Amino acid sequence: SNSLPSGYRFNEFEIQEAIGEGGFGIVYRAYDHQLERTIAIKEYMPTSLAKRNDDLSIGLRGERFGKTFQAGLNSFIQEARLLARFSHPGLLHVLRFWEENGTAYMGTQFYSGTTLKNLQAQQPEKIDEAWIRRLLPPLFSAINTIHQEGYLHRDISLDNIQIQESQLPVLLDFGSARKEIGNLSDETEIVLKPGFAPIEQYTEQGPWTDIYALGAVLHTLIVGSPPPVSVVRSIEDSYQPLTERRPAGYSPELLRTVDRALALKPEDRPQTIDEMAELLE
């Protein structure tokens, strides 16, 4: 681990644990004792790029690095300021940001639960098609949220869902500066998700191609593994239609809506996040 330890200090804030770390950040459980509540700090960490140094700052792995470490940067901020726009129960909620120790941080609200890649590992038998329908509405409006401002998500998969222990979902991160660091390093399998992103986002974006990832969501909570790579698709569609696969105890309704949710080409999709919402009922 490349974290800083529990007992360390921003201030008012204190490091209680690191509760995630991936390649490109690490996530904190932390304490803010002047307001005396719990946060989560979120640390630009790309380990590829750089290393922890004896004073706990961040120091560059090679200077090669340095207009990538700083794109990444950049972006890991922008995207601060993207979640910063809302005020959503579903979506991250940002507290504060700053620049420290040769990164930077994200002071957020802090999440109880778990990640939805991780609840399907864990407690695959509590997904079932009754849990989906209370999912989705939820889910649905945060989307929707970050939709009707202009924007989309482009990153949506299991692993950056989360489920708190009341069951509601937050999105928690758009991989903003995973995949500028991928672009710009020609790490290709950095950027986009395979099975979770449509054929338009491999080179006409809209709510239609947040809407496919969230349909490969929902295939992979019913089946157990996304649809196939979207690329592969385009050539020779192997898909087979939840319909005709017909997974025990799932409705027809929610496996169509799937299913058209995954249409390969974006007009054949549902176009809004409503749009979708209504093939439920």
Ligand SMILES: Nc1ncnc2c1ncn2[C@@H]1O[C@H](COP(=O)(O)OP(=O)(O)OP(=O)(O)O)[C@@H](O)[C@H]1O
Contents of the next structure:
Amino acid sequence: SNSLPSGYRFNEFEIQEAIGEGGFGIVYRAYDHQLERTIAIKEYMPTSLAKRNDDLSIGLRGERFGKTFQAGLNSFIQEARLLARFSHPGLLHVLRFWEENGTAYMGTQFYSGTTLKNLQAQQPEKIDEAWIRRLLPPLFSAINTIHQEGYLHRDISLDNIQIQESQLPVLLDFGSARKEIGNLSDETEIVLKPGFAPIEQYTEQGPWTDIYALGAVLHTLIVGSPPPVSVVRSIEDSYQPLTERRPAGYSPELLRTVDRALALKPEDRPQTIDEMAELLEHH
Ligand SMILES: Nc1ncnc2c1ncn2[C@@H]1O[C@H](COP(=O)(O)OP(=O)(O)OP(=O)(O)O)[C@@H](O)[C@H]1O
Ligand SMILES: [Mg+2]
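Counterpart to the form deposited without the named molecule, namely the form solved in complex with the named molecule:
Starting with the chain above, the whole complex follows.
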């Protein structure tokens, strides 16, 4: 691990535990001694580009990586600014931002629970139609809130939706720094998420772009894996509608809503979050 140790201090903040360590940043549970509250701290830390120094600052693994490291840092800042525009229970709440240690940090609300990806891996039996229908209203609300301010998410999958102990969802992360690094470094595999990204993200984007990815999330919850990669579908569409597969315990209404969100062409999908929510009515 390249993480800061329990007990490390950023003035009033104290690191408690590194709870997420990925290729592009680290997430810590931390404590604010001034306000006496637990928070999360997200640290930009692209492991392909940077390493942890002895004094716990971050340094370049090679001098050739500097421009890409800086571009990722700029995208990390821009993502924090985007999340700072909102005060919504389903969107990661940003408390503070600062630069230190040769990198950057976001202080955010600390959420209970774990990711949807972990819940699906660890407790798939909890995820049935009734649970999905309880998840959708607050998840629709969070996504629509982004859209109504004129933005798109563009990185939805199971990996970046937190499911709190209350079962309410939170969108944690838009992948901005990761995607910028991938574009600049020709590491195309870290930009789009295979099976979640629709055809128009491969090179015309709008709310329907996020709606497809949400359909892919729901498809994964229902049958256990995402639909075929959208570029492959654009050549020979091998997607079998869920209404035909008929997984046990799922209504045609929910299944058809997923199939419609997964329509190959943007114009054939629900065009807004409100339109997709309407498909689940009439039951
Ligand atoms: N604000 C937050 N509050 C609480 N937990 C958070 C917050 N932000 C991120 N997390 C957690 O950070 C982790 C980020 O996942 P990541 O893949 O980067 O790390 P990981 O160590 O591989 O963890 P995992 O086994 O969950 O994949 C997730 O487990 C997620 O729940
Ligand atoms: Mg992980």
